[PDB]
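Protein chains: 4
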Amino acid sequence: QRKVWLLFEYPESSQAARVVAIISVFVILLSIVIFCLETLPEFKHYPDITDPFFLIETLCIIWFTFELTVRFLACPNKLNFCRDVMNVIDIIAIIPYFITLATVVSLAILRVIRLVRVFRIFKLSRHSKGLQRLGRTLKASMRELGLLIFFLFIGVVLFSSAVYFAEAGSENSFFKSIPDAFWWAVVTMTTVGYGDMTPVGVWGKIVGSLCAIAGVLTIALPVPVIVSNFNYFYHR
Amino acid sequence: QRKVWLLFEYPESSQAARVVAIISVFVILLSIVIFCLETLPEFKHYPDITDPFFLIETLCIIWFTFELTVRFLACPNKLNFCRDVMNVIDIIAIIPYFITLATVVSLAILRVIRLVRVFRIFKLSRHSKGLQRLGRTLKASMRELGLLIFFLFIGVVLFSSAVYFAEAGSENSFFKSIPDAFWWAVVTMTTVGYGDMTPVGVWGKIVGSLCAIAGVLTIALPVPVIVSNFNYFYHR
Amino acid sequence: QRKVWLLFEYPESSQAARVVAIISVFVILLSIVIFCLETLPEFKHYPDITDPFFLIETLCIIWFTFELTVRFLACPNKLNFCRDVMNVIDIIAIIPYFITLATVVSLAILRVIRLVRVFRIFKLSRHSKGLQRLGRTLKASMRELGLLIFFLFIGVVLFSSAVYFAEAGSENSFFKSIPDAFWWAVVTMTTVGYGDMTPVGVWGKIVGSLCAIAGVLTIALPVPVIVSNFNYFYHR
Amino acid sequence: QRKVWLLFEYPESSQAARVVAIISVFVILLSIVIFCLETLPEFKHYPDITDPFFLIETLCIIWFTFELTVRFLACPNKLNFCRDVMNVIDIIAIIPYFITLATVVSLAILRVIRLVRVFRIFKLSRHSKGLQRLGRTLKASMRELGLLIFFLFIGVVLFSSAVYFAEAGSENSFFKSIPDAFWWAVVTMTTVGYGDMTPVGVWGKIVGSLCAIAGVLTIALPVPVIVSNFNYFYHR
Ligand SMILES: [K+]
Ligand SMILES: [K+]
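Chains as they are written, first to last, in PDB author numbering: chain B, 210 to 255, 273 to 331, 357 to 487; chain A, 210 to 255, 273 to 331, 357 to 487; chain D, 210 to 255, 273 to 331, 357 to 487; chain C, 210 to 255, 273 to 331, 357 to 487.
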């Protein structure tokens, strides 16, 4: 039990453990590539047993379930294994296949279950030493970042309402309502700035200028929040 | 008096005070949602007693006025109650309902008062300690932010003048005048960058490149201003 | 001499000096507003004595020349009066009127001399206490800003070359040559991001992705340069 | 040998050394300008001996090869000469001419070798005192910048998948597949924001809003990484 546990959990234990970690990384990358390529227009049909993409998916899922079963059996205690995030992300990454397999042997639910496979990238943090530190740094500042998001929501509602009320007098305005102007306000406060929605009126232009100024303010506001978490997790 | 105080003002004093604060936050959120929703194209008519949006608005306004009256009567000092901003934001948020009610029982004046109701968001700062801290941090750096805004205005005027004078030789130019170029210059100095207004001439392109460089400078500039206020209120 | 000095130069000396400084600020603002408003299509025709804009310009120029002559006569040293930038910005701002007046009593030369009036904003630095400090902060980091501009130029040339050579295989590409791609590359490295020029090819999209990443790098790069100048002039 | 080595690679050795460095900078700039101007439509043909754009190239390449040969012959040892980056970049800068010359005396391969001439800019680092410091600062932070790029890739894959799956129900959507959405997700996470690809659905707009928020996060992320490298290489 301990031997296989250190073989599958500690890649630095031996060369075989490093090989296992490398093959796990390769399988994760292959599954991600297959998931991305499956949606290409020239590959989709208008699934089945003979589909090569299906075969690669079965191989990846078989490896994932074998690794998960081995780790669960070799875990020192079941509660810790079931409570660890790096294992819950793995158990979420396998269920969408099994739901699909049951139908082989309503479209609204099909929209989300096929989506959940994107989380396959998340066990890369296990094998990436730097990514664990980055995740810890992000988590340590999650409260202040949430507060910043709340402030951004306040500003986005303010500017959306202002621009809609200043643009109500234009017959060709894109802003039909504040819920419609939310997209523009959040794409302005965060400095992306698509050309698909811009004010045309003078008052709308003034409100947009104020929103752009607030966006300049808010693109630099979380910088001190990132500091004192970064430069802090690297020296101690 | 003192019984209903520390209860309508201090949620942490008792469970009843926490319940009152929670219901106040819920009413604020409901009023904000109703304000944003009522202008949707499928909801607006082309007000009245039977309108459900009107009923929810009356409920929210009744709760707001009851809370404001209770707080005013229970305050230990009438002088500072009016001077406090957290109460002026409350008293502004109730006026537009009463103006609307009088007409039920110049159109430009009607649009601004309707916009005034959007200040309902600001009472959320009372129940959010983090928002109070963020507001204090922003207020502590108001003067330097104003200086930065003045510098941005100087740059925006300079670049609008430059781009208009460089673009005067093009018959298809969007920049008809310096006020027209103001929108583009403030959209460039801020890194939003809409595609609705771009120079087409070579000299216009050079001026736009210089404006973009100055925009990188002007949004990388207020970072140290936010610092020494953040990381300062959280450490002292 | 010394009586009108410390009065035309030091507003804080007496109430009369403060009044003179206030009237100078008002004249500068009026001249700037008139300059911006003169180019509006409604006011422009398709100059003369009876033009109200011309009258306001003559009043502003008369005040400027009177103030400059008084300051020059009252200065204790003629050598440094010309060398000081706050006086050279004044002396450029008066020239365009005199050139225009001579014609009333090659068109490319006419557009630049009209343009150079934009520098009327810069005398506001004399009467703004914080603008001088901000200018000193910017000047103290001029060399590193120039280094950053040189790096940005290197990156812009590299990415323009890459995108043009990866996009020449498309008949509908906007990039006709490296100078054409310069505009897109400097619009991408700076995070303005206009939609007027975007790659359409796959290789063009990859090069654009790399340019956008380098743009994030180059917009986050000058922040430490602004620091150690800001927070340095405010503490020492 | 040592005398000419000091004359060539040490611009501070004498006035002649400074002259040699200046002429090398001038030749590099001339080659860059010629390379950029060669692709202009007014100059391209639809090469030969009489082409002036070929003669300037021959002169630049002759100077480059003379300098390279002199430096190689005057070097103290061959290993460091062939291992130093500022010399290997010179090696890459001369080969493309010789390949072109052979043909005068598979088309895609002929195009990439033309592209690789862009590296002519990189010899400017030798003669720029501050560019070496900037390169050292960038190199010292390359390990963490790679991790940041990896995080950006994870986020870009996640958001591309989310936006494609949310936008699958729209017949007019621009997102045909996850690789198509990769361009938009990069353009969003980096705060550039072209208007060529935007979601139109409500769920697509929500996913785009989340991607923009994460883009603000990822543009604020690398600032602390640049610090502790800057302000560190310039003080010790
Ligand atoms: K931006
Ligand atoms: K943009």
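Any given hint could be a false lead.
Copies of the same chain are indistinguishable here, so a pair counts whether it falls within one copy or spans any two.
[What the hints assert, rightly or not] Result set (DSS-like, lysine-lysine): computed pairs, CA atoms no more than 30 Å apart in a straight line:
1. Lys-212 x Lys-304
2. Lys-456 x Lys-390
3. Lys-212 x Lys-374
4. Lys-253 x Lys-212
5. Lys-212 x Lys-390
6. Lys-374 x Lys-253
7. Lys-427 x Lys-253
8. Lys-374 x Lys-427
9. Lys-380 x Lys-212
10. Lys-374 x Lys-304
11. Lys-374 x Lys-456
12. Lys-380 x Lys-253
13. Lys-427 x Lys-212
14. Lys-456 x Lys-212
15. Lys-390 x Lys-380
16. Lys-374 x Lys-390
17. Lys-456 x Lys-253
18. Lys-427 x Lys-304
19. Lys-390 x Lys-304
20. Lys-253 x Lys-304
21. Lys-390 x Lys-253
22. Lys-427 x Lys-380
Because the hints were derived from the structure by calculation, they are not lab data.
Tested hints:
1. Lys-212 x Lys-304: within (17 Å within a copy, 51 Å between copies)
2. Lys-456 x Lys-390: between (38 Å within a copy, 26 Å between copies)
3. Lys-212 x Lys-374: Close inside one copy (22 Å), not across copies (55 Å); limit 30 Å.
4. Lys-253 x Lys-212: neither (44 Å within a copy, 69 Å between copies)
5. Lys-212 x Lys-390: neither (33 Å within a copy, 41 Å between copies)
6. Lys-374 x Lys-253: within (27 Å within a copy, 49 Å between copies)
7. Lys-427 x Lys-253: between (37 Å within a copy, 11 Å between copies)
8. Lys-374 x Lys-427: between (43 Å within a copy, 27 Å between copies)
9. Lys-380 x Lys-212: within (23 Å within a copy, 50 Å between copies)
10. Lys-374 x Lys-304: within (19 Å within a copy, 47 Å between copies)
11. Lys-374 x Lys-456: between (46 Å within a copy, 28 Å between copies)
12. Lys-380 x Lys-253: neither (37 Å within a copy, 52 Å between copies)
13. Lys-427 x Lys-212: neither (65 Å within a copy, 48 Å between copies)
14. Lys-456 x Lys-212: Close neither inside one copy (68 Å) nor across copies (48 Å); limit 30 Å.
15. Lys-390 x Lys-380: both (15 Å within a copy, 20 Å between copies)
16. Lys-374 x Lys-390: Both, since 17 Å and 28 Å are each at most 30 Å.
17. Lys-456 x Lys-253: between (45 Å within a copy, 23 Å between copies)
18. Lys-427 x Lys-304: Close neither inside one copy (54 Å) nor across copies (43 Å); limit 30 Å.
19. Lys-390 x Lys-304: within (25 Å within a copy, 45 Å between copies)
20. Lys-253 x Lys-304: Neither. Shortest intra-copy (41 Å) and inter-copy (57 Å) distances fail the 30 Å Cα cut-off.
21. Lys-390 x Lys-253: neither (39 Å within a copy, 43 Å between copies)
22. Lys-427 x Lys-380: neither (48 Å within a copy, 35 Å between copies)
Of the numbered hints stated above, those contradicted by the structure are hints 4, 5, 12, 13, 14, 18, 20, 21 and 22, listed in ascending order.
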